[PDB]
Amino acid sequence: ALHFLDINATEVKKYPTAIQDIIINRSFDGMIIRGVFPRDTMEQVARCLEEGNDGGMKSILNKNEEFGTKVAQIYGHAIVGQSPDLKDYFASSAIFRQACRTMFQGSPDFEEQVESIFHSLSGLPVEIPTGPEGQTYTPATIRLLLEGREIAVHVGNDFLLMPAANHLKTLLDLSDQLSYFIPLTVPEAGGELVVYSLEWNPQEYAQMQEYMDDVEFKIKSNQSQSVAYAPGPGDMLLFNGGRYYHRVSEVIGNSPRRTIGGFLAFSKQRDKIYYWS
């Protein structure tokens, strides 16, 4: 069974070892952190994406039509499924950061608030990784799930074994990568993070549709227990997506599910938190 804490964002400094407790000690598996961003800020950002005045965010929208209903539309390239050079990824990452910064209008700033949370939950400095030639990684991508669309089952630690993570790998501690996301908008029904009790195993691909099908088989071959979560707008769900297989259930109704999220992990020497998408 999976164990998620649930606290208000005001309390995050009282859980200074929370990230260590999830990744290293495994004393629990995730957290719902309520009101990390105000509801106003989330609505504002959602409007910016609706109305088009999004600081250039729509210029880096990846519809991912060649994968159908099993993925989301992603603003900015995610690290998943990129060429090891990451040329396109770094181009969109740069745009994502300035666009995100623009839409949040320091109310509060996305990166500052997210870093503040991760800092309070670890007592560590928090940074966005840097590429071989100084290129910024993106701190997040925005995931848009339209009606009928879901996010196929997968697990995060597989991503660190993909060619696109070749640089990241060198910066990171080999421990579990956590996932985080914050809903900007929630759907009328469905669109729940469903986490399975099945654990990723290092003793058991890189092409994407091939990967998704490989995991869906692995999920159907085990049929293990699951729990569903549906955090509200502005709530951060932080959990061990690296270890536990999970998906996002089909979005029911016309209201799209918009999340801003990514991943975080310890640096090589466990003296820093990196976060990215």
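Residue numbers count along the first chain shown, from 1. If you superpose the two forms and keep the largest set of C-alpha atoms that fall within 1.5 Å, you have the rigid core. First, how it differs from the form deposited in another entry.
- With the two forms fitted on their core, the C-alpha shifts between the two forms stay under 2 Å for all of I32, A230, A46, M212 except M212.
- Here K70 counts as shifted, since its C-alpha moves by at least 2 Å between the two forms after the core is aligned.
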Second form
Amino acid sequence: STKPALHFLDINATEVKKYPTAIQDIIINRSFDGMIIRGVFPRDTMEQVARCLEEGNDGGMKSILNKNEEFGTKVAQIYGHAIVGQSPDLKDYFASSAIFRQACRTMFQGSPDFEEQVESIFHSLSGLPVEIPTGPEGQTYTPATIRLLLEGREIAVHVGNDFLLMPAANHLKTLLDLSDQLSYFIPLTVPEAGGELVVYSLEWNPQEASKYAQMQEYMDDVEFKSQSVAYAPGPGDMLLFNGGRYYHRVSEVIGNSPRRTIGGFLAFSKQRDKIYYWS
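One more: the block was the form deposited in one PDB entry; return the form deposited in another entry.
Just the single chain follows, nothing else.
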């Protein structure tokens, strides 16, 4: 057998219209588990946005950089508050999201715009309208956050469907289909080595995972019972995958060129007639 642990497609962004039910196929039919979509953004756009962040002409994006220094020396830094990290009132989250959307729009200079381009892809892959959710008092969710992984840094193993048990999700649970959520991200800059997305074929099992202080130890126990795939998309490629269902991590960055990625999550509306995307 030459079957890998998970089934991913690999397409060029110019071809997304040939896959008008891909989102349905991942979430509903489970006929594959993810896709790499090459060239969603030009490499030149990725270099210019990265230079904005490096040099600080970033539209204010540096004002919402969370260095996560309290959480130790292995953790990612993040521009914007991700919703998984938040209290159920979401006040600070919605304020960061406003800053993020304006800064992001300024850095991409419409060439192409980040939100327009990502929405184009998700529309093509579903046939559905695509929206960033609105909060209950008219706030904006953020479409994305930017993760910054320096040398030696990683994103520890986690699984997206845990969000459905967090109080921060209360308002989104009034809008979303409560089946799997997908993850999407696009690298802005890639490291010399390491910084791979590792997706396990182990599926969401919150009762069992909860017995471990470290979720990595759970993965290591199941490995004792061909159990994962690793991906390193290049700049401007989108990785879209069933992060809700499958445990996943990002491996440690090797070398002094940081890994910078912009992305978030997506899911159907309750009636599966719209796609919502956020971080």
